[PDB]
Amino acid sequence: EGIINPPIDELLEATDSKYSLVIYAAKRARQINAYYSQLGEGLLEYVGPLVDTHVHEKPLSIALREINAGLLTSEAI
Amino acid sequence: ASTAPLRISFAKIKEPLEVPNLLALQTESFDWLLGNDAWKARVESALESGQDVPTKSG
Amino acid sequence: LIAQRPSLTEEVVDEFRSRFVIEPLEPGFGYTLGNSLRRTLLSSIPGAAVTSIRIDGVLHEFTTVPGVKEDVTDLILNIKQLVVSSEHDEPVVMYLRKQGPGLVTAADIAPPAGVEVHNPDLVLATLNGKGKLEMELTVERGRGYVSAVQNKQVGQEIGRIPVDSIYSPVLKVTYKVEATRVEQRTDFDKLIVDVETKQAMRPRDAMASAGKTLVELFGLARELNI
Amino acid sequence: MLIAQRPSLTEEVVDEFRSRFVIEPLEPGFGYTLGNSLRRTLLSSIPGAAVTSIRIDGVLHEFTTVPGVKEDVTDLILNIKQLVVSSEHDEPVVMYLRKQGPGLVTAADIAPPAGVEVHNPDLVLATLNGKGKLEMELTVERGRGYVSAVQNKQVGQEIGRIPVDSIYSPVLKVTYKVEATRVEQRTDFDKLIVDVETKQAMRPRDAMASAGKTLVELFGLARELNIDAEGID
Amino acid sequence: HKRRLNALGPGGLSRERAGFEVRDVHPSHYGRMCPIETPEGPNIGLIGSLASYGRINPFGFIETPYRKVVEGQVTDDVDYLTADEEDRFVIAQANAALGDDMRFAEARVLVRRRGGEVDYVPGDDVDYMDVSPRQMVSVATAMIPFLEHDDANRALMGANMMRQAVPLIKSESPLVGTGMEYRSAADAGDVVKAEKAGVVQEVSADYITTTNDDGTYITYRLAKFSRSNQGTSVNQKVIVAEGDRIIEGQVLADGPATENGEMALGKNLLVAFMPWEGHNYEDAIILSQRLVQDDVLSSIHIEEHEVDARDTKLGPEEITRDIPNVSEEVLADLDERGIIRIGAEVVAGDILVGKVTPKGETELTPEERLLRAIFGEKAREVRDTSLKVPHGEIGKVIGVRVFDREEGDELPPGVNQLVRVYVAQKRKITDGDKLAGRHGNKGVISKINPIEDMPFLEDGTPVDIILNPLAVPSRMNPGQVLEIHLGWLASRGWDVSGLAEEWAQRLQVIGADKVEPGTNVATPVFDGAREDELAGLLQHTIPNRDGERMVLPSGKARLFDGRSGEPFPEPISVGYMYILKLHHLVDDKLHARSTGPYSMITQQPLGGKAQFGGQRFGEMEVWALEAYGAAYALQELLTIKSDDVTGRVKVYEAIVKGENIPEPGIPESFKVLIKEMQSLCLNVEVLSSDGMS
Amino acid sequence: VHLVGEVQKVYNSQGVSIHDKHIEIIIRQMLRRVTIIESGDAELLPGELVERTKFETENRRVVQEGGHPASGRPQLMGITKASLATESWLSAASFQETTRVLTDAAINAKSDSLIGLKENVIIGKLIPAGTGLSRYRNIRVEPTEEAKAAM
Amino acid sequence: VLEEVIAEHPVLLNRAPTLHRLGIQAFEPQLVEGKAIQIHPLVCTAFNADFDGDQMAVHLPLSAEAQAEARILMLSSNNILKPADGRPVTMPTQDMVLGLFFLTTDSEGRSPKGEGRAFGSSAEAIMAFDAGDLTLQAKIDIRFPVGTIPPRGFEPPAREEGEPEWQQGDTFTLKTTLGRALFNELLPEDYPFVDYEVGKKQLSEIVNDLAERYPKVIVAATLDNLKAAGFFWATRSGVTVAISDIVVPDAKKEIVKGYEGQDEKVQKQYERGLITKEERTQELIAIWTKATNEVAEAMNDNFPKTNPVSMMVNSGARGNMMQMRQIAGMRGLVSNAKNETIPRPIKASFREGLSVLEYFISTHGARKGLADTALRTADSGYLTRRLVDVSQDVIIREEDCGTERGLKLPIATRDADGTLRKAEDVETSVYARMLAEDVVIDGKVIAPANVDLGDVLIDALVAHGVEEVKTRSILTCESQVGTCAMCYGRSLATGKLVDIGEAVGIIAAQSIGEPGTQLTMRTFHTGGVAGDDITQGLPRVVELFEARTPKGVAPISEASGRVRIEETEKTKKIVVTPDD
Ligand SMILES: [Mg+2]
Ligand SMILES: [Zn+2]
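Protein chains in written order, with the numbering used here: chain Y, 1 to 77; chain B, 1 to 58; chain X, 1 to 226; chain R, 1 to 233; chain A, 1 to 693; chain Z, 1 to 151; chain G, 1 to 580.
Isolated chain Y, as found in the complex:
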């Protein structure tokens, strides 16, 4: 019910940095919001919400909940 509900130090220990965390969560939220804007086009490279979703919230909440759950990873190009 607020910004502080995801515990921040859990995210830090899950990604070992802070700016990488914020660009990581921002990119994930942009991908989620673009998934919601697909209008049923069914694009394969855009992934929907992994965690259970309320009817109306910002996609950044889904991004933080997904990464706090720790079921998603990445690599540097």
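Errors might be hidden in some of the hints.
Claimed, not checked - With a straight-line Cα cutoff of 30 Å, these simulated DSS-like cross-link-like pairs (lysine-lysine) come out:
(1) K172/X - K447/A
(2) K175/G - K139/G
(3) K447/A - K609/A
(4) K54/Z - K408/G
(5) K201/G - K175/G
(6) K190/X - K213/R
(7) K177/R - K277/G
(8) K388/A - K224/A
(9) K125/Z - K657/A
(10) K58/Y - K216/G
(11) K224/A - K170/A
(12) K290/G - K277/G
The hints are simulated quantities; they were obtained by calculation from the structure and are not laboratory data.
Dock chains B, X, R, A, Z and G with the ligands against chain Y, hints included.
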């Protein structure tokens, strides 16, 4: 006398001189510039009282 | 260890100011009951007061009536002090009319059936020889305080100006505790509640309404359990 | 004139004695009246029973040591005052407790007289070493609220009897807080939250029901003065 | 304003050219210029106010009176001394004691001499004494009671905020204050004074007609609900009766912020110096709903804004009724000529006067053309540029003024019709309003409590305002505590008679011994009531009920609680402090932007409250965002949300459609920079890694 | 040590506490310029403002060529002079003397690398501090195989 | 739908001066009525915000990246520690500290009821306090349930046990008041029972320890609880300011009488011409300074602990001893124009009220102070901007250097006979740094390399007997690009190692420029001679950072040798002859 409303005073000492007109700094100066009846009345009152006063209007 | 049922004793010191005594209350227990009474009597008590007026020859509250020594907004201020009672659920329109030199008072108002002024000595305005004052006061039944911005419903009536109303007829409520003369280490306390209301109704009825409100809320709290 | 929304009490339970009660949105200014009145009638109006005085054999009032028990008399007093009993005699009745030899003594070892029942036979009262020699006759008296140590010429009759604090109320602590809620576009409606802590003998919801009943009876004094009208339901 | 002295302007010292030496108070300012009141901004001490007794030479230097002293027997003669004769003489004080005659009661007197040295001299050695201890202070500073207990900084702030307080609906004179408050409003020209002595014939809220002694008839017209330059109302109440006597100079009608010819800026409020659940933390104010429902702190605010009709190149715009492409309900409150009715309630975005632009450029798209074919559009092509109420403004239309070129009224060239509409609102007190005392204490309002929540006294009287007591030791203005104590004494009067004490005898000989409850008290700015007098009067207040006075001799009273009910642990100071309502209001300070007007020379959003601007994101803001390391937030605050013409519209479209925010472009101000540098013959070219751009 | 101690003894006299690394950053940025002399074999002007790393690179490349290196003395210079004498002329142009440095850049025909923060605030690009670094913006995100297998 | 939208969408709040990094803090918005922004009191001191019409702008992060940086980097529950010195800044002092002081102080001067009686738990104590037979601060034996961690000083003096037992997780009895039990109910259960006067400084230490040893959400919750309880108890704390609470010393009358008697004796001594005016003025200001110090000491000896002014100035809440000195005692000496001293001081207190001319000479100092602070904040802004330009474009860009060089910062200094004492300014110099290499005294490492230096490690080193340490600071940091994180030391705004990319230069420039308005220094007196006194305050700082030659030049000998003077009449001269 009855000009002002009742206000209980805590003043211990008396005031031999009352506060002068608060608008003298504007009205007196502009009457000096105009040379109206008030200014000539003031200059003749000061002359008969001996006080220094400009005799030439603005 | 002793159980004594509390009993409320009512005594009067004036017409609309009377003191109430609750003797056998528990230690450290009379202050909070006095507070609950004071907050219920001072906020949520039904009443009635003028909520909208209309003066002929006046389109807004910022102008002045030709023939009265003070402006319309001072009349708005004087109307707010006028306490009335109305049993009608629907709004009731009084009438105020006065002509010629004189001093219009609250007694000069013309209330319909079921509506009466309780402070008829209140000064409203002062009329000179050329004073015209026709005024249709609306009274509504309610509780608490509602501002003038919550009393606007019609716009075509240009001459209608809504005022703010003060419904609660209670002036001030005061409580105090003492020591009971009975000898125990518990040291029960009698609670003297001083109630002084306006001329709208007696303080006994005011505490009747407040006690009804509190007993209904506490019974609502009690009933859902067991 | 009429209340916009009728409130309703709600109970959330987290433990067998810990309980928190949330009241649905009240009219403005009715949060704090209900909160403080309910807390004060909750801590100080529910009837109950607790120990009043204790008598230890072969001790003195000024001599703080008890033989055969490793802790001082203050620790024993503090353990007695944390014990819960329920009485129905409406009179001071004595309760017996004895143990001989070393070991551990609890409330289960207390022999309960008829009309007085112990509810937590698991808490420790004292420890024994060497010869036991443990004999106390602790008074159980019904009461209401919380009264500190009281002297009524009892040391003169027997010097082994010492007064003890009594937790008469079946509730331990009541910490209420009021927060604001928004209903039909209006934020100034008080949502009263009452958190009650009770001893394990009495469930907290029964204690709240008794508090509400006492408040209904007490404020019925103001209701009976006149038959008036107020907007409900 | 009419008593200020300015050092800026042509032929004077500018703010940039000023230094420490000119701003300092000189020892020759005593009686010639006020050392307290001055603007506290960048021009501190450059602008000062004339002293109360200060006169002007025929030459032009600032004079000041003094009482002549001969052989230690001071006479009833006065000489006005410049800043020059004040050096060759030695000046006594008006606080020096005197005996039964005019001789000095004590030989040793504290004096000042050339250079402002304060060294004393005993015996008959002085030759000039002050006429009043209020000689150093101005008219604004001398209003404050117990100034001698306040710090000079907080005195400066208090004298600088009393020029910002608004007048209220009905104003009451301060219960405690300097007795010169009558002279500070009688000498104001806004209060109606009798030109000739006579008797009153008729009274009305619009005019006072007085028949004078010689037989002439004069009617004093009274301004009612007119607009001042700052927007506050200047209504004038009537205080004289129907047939009472009037002498020359008598106040007939009160001005704004005046009661009974006495000057009245704010209200008396019951003060409780105690922290209250943190809603008065850090110099904030808590106050009752009793000041909302009793209409205590509220004021009339008349706002003026006009529009005019002009004959431009395409044609003349007209004021009219037929506003295009709008519902009939919007134009329900208009007249035939296109004027809103007097007394019509208005809101944000509503129509006041209907002016239609004669022609705009017509380039109709085929979509709009077919839509017009579907619905049918009015044949005259007009644009809706009529006058509408700005955002966040409510009021009643109280007066309309229409000027016409075709009539005999004069108009500026080009225009044909000019209309003025006054809208007035009765702004009540609310969150965020700025209140203040007289002693420099100030603060916004954080919570308007209900009446029952306030800590009430022993008789059920709730306090009207709750203050943090943390303010007075650090801010160093303990004079307001004296003020609240004397306010409490002036509410419930005192009966001192035959007490046979020093302060009792002083009050008996002065006249402050038999005082009815509610009468206003007067402490002169440096002759005020002493601590012993306040304590003794606290010991002998008249009873109210039960024959028991409420405030203990310590100055505090046992204050209950509203929310809890249990008494607060120890007595809390109570009293009645004059509380002002500043013009730094909250109903106009609120301002917000989503997308509004833009500047022309550069594509940044413009600024200003009346122009729907955006708050400036300065340099230190960018430093802070660099310090956080938040590159993206700073970059978008600098490019997306301003000065990117291809970015703002795309971002608004992306938000409304719901898709993600597009990538930012290049701010237009940098392109302006490049075009500026390229015109100073500087070959400024941007080249990427591959090549040029 | 002297500079740090002096500024810290000024600050400690009032009660305000500033950590000494905050001063040490400015002092390190303060002593960076080196004044050179007798530069007859290092083929640059002697007795001007020379950057330390550039001077060391010049010394390395002249001892690689066999020529004897030029001497140099560290130069404690003020914050203003060190701010004007910077590689990126956009940052110096945003400072006080904005006519002298513009003419200086025009005469010297110098083009500024965009490493810096004032020259990236002006253009509107992302600043190279914090999230704006290359090592942070170059991340690619994808859900795990069991994550998409769950839904 | 607005209330449905604005949740989970942070906004940036911002004050116009924005002196340092914490001037922009991302909050979560919340719909309220009125026309004013409602702001947590716990953070308003980090804004320098005061509720006196201060207006704060609200900026809205817009894209996903902007509000993500608002949520993670910018949130007000992540900015506990000010980067200037690492001290906590989001625990204000005006009202909550006074409440906690009253809640936790000792019963001195206030009648302790129910003093010295055992209580079964804090619930029974609360019931007794509500009854009225036990005051809030009273030494009582109160037993605590299982799981409560005992105080730091109580673990070894555990209750004596015949069998082996541990008081670490077990119940225990403590000799503490009710109020300290409530205060430890505010702090989390894992925190040790704090058993002392809280005040302000110990509250700052408590908040610092909480931030250093608990996650951010727990710290935010504990400071919110501290705020709520501090306000709750400050309402009932018994603070108020009537004029009886401010008390003048009764000895001030006779002290001033004696000093004016001897002043009169001096004045008749001066009237004969035996002494000059200047010498008389010098000795008079000396003796009047002695008088004001003596009456200040009398004032400190006068007031009790019960009156609220002392209760709000001795608790670190709001105020200093100078202000109470010149409200209760005499105002002391006050300056003239152009920085000199009047021989006659202000002998009247503000409670007693000044006279006319005494108030005039007070205005002399007041207006000069106002103009001084205006020019001071202008020059502070100028210095801040210059520092930002010179110190920017340095950013942590490497994880670690390969270097091992460092700085020989002292750790133990001014040791007495038979004992070793650490440096007084260790908290600002050696703290929050990193060791260049391991330290050994007996062949064993005490502190490993590449770790931060906190309280416990520095205490261990000074107990083992080290005099100086080698800290890896930024001056010795050499790298291919920029500076590294390890060579810079741990960041003072996060409490951890500085992340790669943090713009340390702008933070340093703001931290130097933040207290520029806070210096408030000016040369009181030149002593009648110009040039003998060096620049003080902000002009000294800007003269130091501008590398300019100071107005008082102190030459330094180039080499050791023989130095003699040459007193030429026209101009003095010194000559040093180095040896070798
Ligand atoms: Mg401020
Ligand atoms: Zn390094």
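Discussion item. Hints numbered earlier in the text: which of these fail when held up against the supplied structure?
Written reply: Per hint list: single violation, 7.
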